[PDB]
Structures are given as C-alpha cells and as structure tokens.
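One chain is shown next in structure tokens, namely the form solved without Diperodon (S-enantiomer) (QKT).
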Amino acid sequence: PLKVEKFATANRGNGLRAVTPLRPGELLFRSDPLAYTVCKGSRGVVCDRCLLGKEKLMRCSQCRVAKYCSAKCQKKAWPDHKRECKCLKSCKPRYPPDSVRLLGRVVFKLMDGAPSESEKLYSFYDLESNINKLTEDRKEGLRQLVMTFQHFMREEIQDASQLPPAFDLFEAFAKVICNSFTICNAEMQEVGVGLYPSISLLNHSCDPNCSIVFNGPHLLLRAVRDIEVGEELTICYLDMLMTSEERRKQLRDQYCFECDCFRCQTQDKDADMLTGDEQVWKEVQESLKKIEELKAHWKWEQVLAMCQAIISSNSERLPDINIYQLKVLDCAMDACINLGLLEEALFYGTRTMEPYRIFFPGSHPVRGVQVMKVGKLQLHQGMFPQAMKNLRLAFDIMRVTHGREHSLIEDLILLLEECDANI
C-alpha cells in the first residue's frame, strides 16, 4: 500500500504527493534501476554490478570493457550485458558516452526484459522530455548523441523493429538528460548513472521535504520533513554547495525550468558561501575542476597534492565557509582517508563540520555521511567522547536519511557500540 501517488501539478508536470501524512525518516518508496551502468571515471574501478570498490576486479573476456566484484557478480550481470558486450567489442577502442551506454541498456531492458518494478508509478514512455523548451544548441548535441548511439549499437541495433514501438532516440536522449540519476556509493562518491522512472516523478525544490539514498544500485526514497496528506514531495536535484546563480544555470541547462522558490528569490546563503577575496576563490574554483576530475578517476595522491597547495597555500587563503574552499576540504579529507593518512584526514574533516551544519540543514545524507566519517576517524585515534557525540549526531541524521533498509546504518551501529564500550 503506497504512501505516495502520482498527480498532475498546476505548473510542474506530473509530481509525487503524499497519500498519508509522513514523519521524517519514513520510507516512502524503493526501487532498482530500469537500467544503469558505471560512470566514465569509475570504469574498471568499481564492479559493474554492485558498484563496490575492489583492488583487483575480474573482467569480461568477450568485451574486456566491463569488470566485476566476483564470479557471482559477473555472472548475474550477464543477462543485461550480453547484447551490450557485442557492441563495445567492435567499438574497441572507442568507449561511448555514459548516456549512450545507459540508453543501450534501456532499449535492451525494454525489448528483452519482463516489465520492471521501476516503472510501477511512471514509465520511460511517460518521462518528461522538455522538448518544446530545448535550445537549438541543446538539440544539436542531442542528434550528435543519436548518431553516437546508432554507430555504437550497430551490431545489435540495425532498424526500428529492433526498438520499442515508435521509439524516438532523440526523444529518449532528451528524457535521459532530465531524468538521469547520478548513483553514488556509501561514502558518497559518484560510481554510476541510472534511470528510475517512478522516482523521476519528484520535482525539484532548493529546500526539499524528501531525500534519496543509494545503496549500490538500489535507491531508497525517504521523507526528511513532516509531510501532510496531499502535499507534494520534493527532492533537491542539486549539490547543496551551490549559489543560487549556479543553481539557476544548471536548472535551466539540464532541467529546463526557472525556480522561484524562497531560497532563490532571496539569494539565501549566497553571500556567506562566497566570503573571502573574489580573485582567490575563482582560482580555486578553476582548480577544483581538475581536482574533482582527478577524484572522479580516484587518483587520490594527485588530488591531495593539489588540495594541500590551496589549504596550506603560501599565498592568500579562504575562509572554510567559502564553498569552493569547503569543497577542496572535502576532496582533501576523502583523499587522505583513501590514502590512509588518518590524522590529516580528521583535520580537514573536523574543519568542514561547522560549515556543513550551516549548508546542510535538517537531515541531509551528505552531512550524515561526513559526520560519520569524522566520528570514524576520532574513534580510531582514540578520541571517544567527541567521536561518540559525532557518531550519535551522525545517527540522528542518518536514521532519517538512510534508515534500517540502508546497510551503512548497520555499520554506524557497530561504531556506536564499540566506542560506547570503550567509554
């Protein structure tokens, strides 16, 4: 019995709205992908199937493109890789765009799969394509993707009857553009892209009453606010660490609407997150493009080197609430942890905390995970009372954002127990 339902909104397409009133932390919907794949950066770094990291993955000897956690995980993936394998074989060496791999998976799934649980509320067919709002520049890229797709699937897809009835690839890529989910791991790094057609009913709010979490490819939708009956459910499409001007551009370019929520109307927090000297945080914003790029490929030592040159720059420095400064910190903390530099990690981590509290209000899973990592590092260097309070704050957030159904909450429980026993 669903707590949520599909409904037609006055001015934002087809919405989700609560059938029963809801409490924060309440599980509202859960779903596996209609189709999904690994992102370009994490190819060969994570298992194609469960998206988990390992030092040595196996690989498909047919393709040699997809790689795997294990025999189990390679063989379970086979039924939805097998028509895709033939395509990237003969496309050796030219790996296709993520969106092109994703659409390939959709077409296979829609041709050869039983109807998916992912289309229960809303189907791929029903997805918004925002086509009467696309700019001529966006459309040019769309047909570039169509031809990219065509070349890419040529040995598996030749004609229209190898597709769904009246399937329009140009229309499909348009849907993909404004409905794709960036799948992130437990530690909150992007490890994939996927589609979840029922979850795509949720419209954006720059201050939402719902959130979504990824547990591998599995997505859980929870309420993060009190919700009453008939109220539309919202999620933030976007990184919390953006100014309203940055949200405006991204909402225009990717999702084709203007947002006139209260936070955009008042440039809420904009001034705070651009404190410090303009020239300085623009360099750092420029540099962050490489830094975030290196991170997308898990090149951790190269990440840390760049980050230190900013955080301990001889030249002028930025306040930690500067979002681009704050972002460097996040990248540096994650780098140290995956480099085993735990003291240096905690140091960046603890600095992020008061700014994170400000920019991730209520219960946000990015915060919960950060606070747990901070508690994790304090626990280990033996700082029990501070860690236990942090692991307790982390739990207060993640109970709302992750829940029993999410496995990371089970790990957080282990950490609470151990530190509490230590005390």
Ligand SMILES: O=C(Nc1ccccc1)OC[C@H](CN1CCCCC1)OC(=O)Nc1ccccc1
Contents of the next structure:
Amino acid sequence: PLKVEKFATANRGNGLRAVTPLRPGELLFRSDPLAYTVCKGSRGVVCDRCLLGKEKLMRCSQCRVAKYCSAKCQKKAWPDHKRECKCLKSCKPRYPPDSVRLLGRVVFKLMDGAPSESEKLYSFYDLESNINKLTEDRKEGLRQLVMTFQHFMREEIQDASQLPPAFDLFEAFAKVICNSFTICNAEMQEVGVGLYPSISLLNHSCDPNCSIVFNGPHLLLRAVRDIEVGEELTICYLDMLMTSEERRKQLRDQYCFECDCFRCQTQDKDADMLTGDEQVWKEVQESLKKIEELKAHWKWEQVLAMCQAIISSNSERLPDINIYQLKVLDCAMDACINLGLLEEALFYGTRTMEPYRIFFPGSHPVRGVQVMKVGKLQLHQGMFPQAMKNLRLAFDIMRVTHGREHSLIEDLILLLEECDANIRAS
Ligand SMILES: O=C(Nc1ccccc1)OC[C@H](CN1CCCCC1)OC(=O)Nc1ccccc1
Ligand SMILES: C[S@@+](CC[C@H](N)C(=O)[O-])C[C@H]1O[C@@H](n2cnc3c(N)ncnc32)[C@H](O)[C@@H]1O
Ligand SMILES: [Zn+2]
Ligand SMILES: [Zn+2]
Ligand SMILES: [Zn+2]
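After the form solved without Diperodon (S-enantiomer) (QKT), can we look at the form deposited with Diperodon (S-enantiomer) (QKT) bound?
What follows is the entire complex, opening with the chain shown before.
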C-alpha cells in the first residue's frame, strides 16, 4: 500500500499527493534509477556502478572508459554496459555529453530490460517534455544532442526498429532536460546523473515538504514536514544558496516555469544572501565558476589554493552569510578534508554553521551532512563535548532526511556511540 499517489494538478501538470497523513522522516518511496551514469568530472574517480571512489579503479578492457571499484561491480554492471561499450569503444577519443550517455542507457534499458520498478508510478513515456514552451535557442541545442546521440550510438542503433515504438529522440532529450536528477555521494559531492521517472512526479517548491537523498544510485524520498491527506508533495529542485533571481533563471531555462511560491514573491532571504561589498562578491561569484569546475574534477589542491586567496585575501573580504563567500568556505572545507588538513577544515566548516542554519531551514540533508562533517572534525581533534553536540544535531536532522534505510545513519550512530563513550569515560 503506497503512501503517495499520482494526481492531475490544477496548473502544474501531474503531481504526487499524500494518501495518508505523513510525519517528518517518513519514508515515502525508494527507487533505483531507470538509467544512470557517472558525471563528466567524476569519470575515472568513482566507480561507474556504485558511485564510490576507490583509490585505484579497474577499467573495462574493451572500451577503457567504464571504471569500477571491484570485480563485483564490473561484472554486475556488464548487462547495462554491454551495448554502450561498443559505442564508447568505436568513438574512442570522443566522449559524449553526460545526457547522451544517459539516454543511451535509457534506450537499452527500455529495449532489453524487464519493466523497471523505477517506472511504477510514472514512466519515461509519461515524462513532461515542455516541448511547447522551449525557446528556439533550446530547440537548436536539442537538435545538436539528437545528432550527437545518432553519432555515438551508430554501432548499436541504426534505425527506428532499435528504439521503442514511436520513440522520438528530440522529445526524449527534452524530457531528459527537465527530469534529470543529480546523484550526490554521501559527502554531498555530485557524482552522477540519473532518471527516476516515478520521482519525477514531484513538483518543485522553494520551501518543500519532502526531500530526496542518494545512497549510491539508490534514491530515498522522505517527508520533512507534517503532510495532510491530499496535500501535494514537493521537493526543491535547486541548490538552497541561490537568490530568487537566480532561481527564476534556472527554473525558466531548465524547467520552463515561473515560480509563484511565497519566497519568490517576496525575495525571501535575498538581501542577507548578498550582503557585503557588491564588487567583491561579483568577483567571488566569477571565481566560483573555476573553483566549482575544479571541485567537480576532484582537484582539491587547486580548489584550496583558489579559496584561500579569497578567504584570506589581502583585499576586502565578505561576510560568511554572503552566499558566494559561503560557497567558497564550503569548497575550502571539503578540499581540506580530502587533503587531510583537518584543523583548517574545521575552521572553515565551523564558520559555515550559522549561515547553514539560516539558509537550510527545518530538516535538509545538505545541512545534516555539513553538521556531521563538523562534528566528525571536532571528534578527531578531541573536542568531545562540542563534537557530541554537533553529532547529535546531525542525527536530529538526518533521522528525518536520511533515515534508517540510508547507510550514513549507521556511520553516524558509530560516531555517536564513540563520542559518547568518551564523555562517559570521565
Ligand atoms: O567520512 C566519510 N563520509 C562522510 C563524513 C561526514 C559526513 C558525510 C559523509 O567517509 C570517509 C571518507 C574517506 N575519505 C578520506 C579523504 C580522502 C577520500 C576518502 O571521508 C572522510 O573521512 N571524511 C571526513 C573525515 C574527517 C572529518 C569529516 C569528514
Ligand atoms: C520533474 S517534472 C514534475 C512533474 C510534472 N508536473 C509532470 O506533469 O510530469 C518538472 C516539470 O513540472 C512542472 N513544474 C514543477 N514544479 C512546478 C511549479 N512549482 N510550478 C509550475 N510548474 C511546475 C514544470 O513543467 C517542470 O518542467
Ligand atoms: Zn563499485
Ligand atoms: Zn566497456
Ligand atoms: Zn519559488
């Protein structure tokens, strides 16, 4: 018996609503992807199957593009990699955009695979394409993706008989644009992209009542507020550290809608997000383009050097609640963690704590993980009472956002048991 059901909304297409009253932390749906792939920057850094980094990955001998953490993942990935391997090999120096590799896997799954549990509530066939709202600029880009797909896939797909019935590649890429999910690892680093068609029933809110979290490629959907029978379920499609004008642009460009929520009507939090000298934060926003590019490719030493030049600039500095300053602090913390610079990581991480409390209200998995990183940093440096407070705070958030079905709770319970034994050892 499901706790959620598809319905037709008044003005935003299909959606999902509660069948029964829901409480914070309640598991609503869980799903493997219909199709997924590793992202550009993480290719060769994380396992194509389980999306975990190992220090040394094994490559597929035939294409030498797919890489794996273990014989177990390489062998289990083979049915879903079989046909793309052909194409990646044939096009050896060329690597396709992520969306093209993704759609390749969609087609092979729908052609060769049994009906997917991911499509239980709503199928790839059903997905919104927004084709009557696409701008001419967007259509041109989709036509290029179609031609890229035809080129990449030519070893395996030559005619329409190798696509699902009446499959239209232009429409399929239109669906991919507004229905792709960014898969994050346990540390909330972007590592993959996937389609989860039942989860695509959820409409957007800038102040949502549900949240998704990833455990490898597996997706958990949880309530993060009380929800009444019949109430629409929403998730936030967007990074929380964005102004209403930034959200407007992305929701128009990627999802073809105008957001009517209270936060957009009132520019909620915009003023605080943009405090400090605007010439300084325009420069930092510009620099973040390279910093985030370096981060997506796991280039931690280069990330840290660019962030230090901002955080400890000789020139004017920004308040930590400024969102571009805050993003730099977060990138610097993660770089220090992965570089083993744990004292410097704690300094940057502690500074993000109050801004994260403000900008991630209620129960948000990004804040839960950030607090857990800070508590873990405090535990490794012997600050047991403060670590214990932050690890317990992380648990209060992540019991709602992650839940017992997510492996990171088990890891957090271990830090709580450990840190607690130390306080009681006095
Ligand atoms: O601890 C976690 N994850 C994790 C941690 C917190 C929240 C959410 C997730 O996994 C192990 C992974 C191993 N990592 C070591 C660096 C090189 C790459 C592999 O990173 C870490 O030790 N982190 C870490 C260490 C100290 C303080 C805070 C975080
Ligand atoms: C992931 S799908 C959500 C389900 C979609 N309504 C459907 O019928 O399949 C994303 C699309 O839903 C619509 N949508 C999502 N949130 C919306 C919102 N808050 N207001 C208006 N339309 C929204 C837009 O068409 C968007 O491109
Ligand atoms: Zn693996
Ligand atoms: Zn291969
Ligand atoms: Zn909004």
